[PDB]
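Just the one chain here, the form deposited without this ligand, laid out as structure tokens.
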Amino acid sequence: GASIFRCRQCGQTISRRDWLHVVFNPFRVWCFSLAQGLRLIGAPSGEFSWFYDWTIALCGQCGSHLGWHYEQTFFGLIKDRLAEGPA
């Protein structure tokens, strides 16, 4: 019962197990090769990248900030902004 990852606020499907780092801001971050249901916003930036340039990733449904897209490319999503459950 922890194989699909959804937005904590609204329950939008974001990523999978399947597609699967503790960091400090200037978070428990989960790295995914693929994701869905996001909206990537703004221009890429390298400022204090934990890894790659980053772009902000919002929930495409409710607009909640769920993490970043890195760009070969991958997603770094904030564990505490996600809800885990079954497929």
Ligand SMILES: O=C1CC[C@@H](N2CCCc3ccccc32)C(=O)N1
Second form
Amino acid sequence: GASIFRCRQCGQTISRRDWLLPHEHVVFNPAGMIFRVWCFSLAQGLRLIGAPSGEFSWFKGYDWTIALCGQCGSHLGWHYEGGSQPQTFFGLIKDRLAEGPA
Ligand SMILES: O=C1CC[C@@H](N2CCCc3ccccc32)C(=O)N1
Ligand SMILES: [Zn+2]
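Show the form deposited with this ligand bound, please, the one above being the form deposited without this ligand.
Let's see the whole complex now, leading with the same chain.
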């Protein structure tokens, strides 16, 4: 009953409890905004915007790209790339997702 993560704003399919990567990081951006981030190995239904940036990266050795909900454009988090073990992952804002049945 709690296996799929969807965008809270529009219901787009985003990820699965199975795809969590151990999981929960509380971070601040330079504007002091707090994000409660869940790391996922895999996500779908996003639109990755721009080219990667290392600036203010929360994760040592990773560059980030903005991940929008590909349906409604709501900011769901970031895709991280350029690191090692693992090379890539997603950091999604927990309170911008909804959890429910398959
Ligand atoms: O690893 C990261 C990702 C985003 C980044 N960040 C910095 C750039 C400005 C900005 C604006 C809104 C949300 C986040 C944000 C961050 O501090 N670290
Ligand atoms: Zn959405």
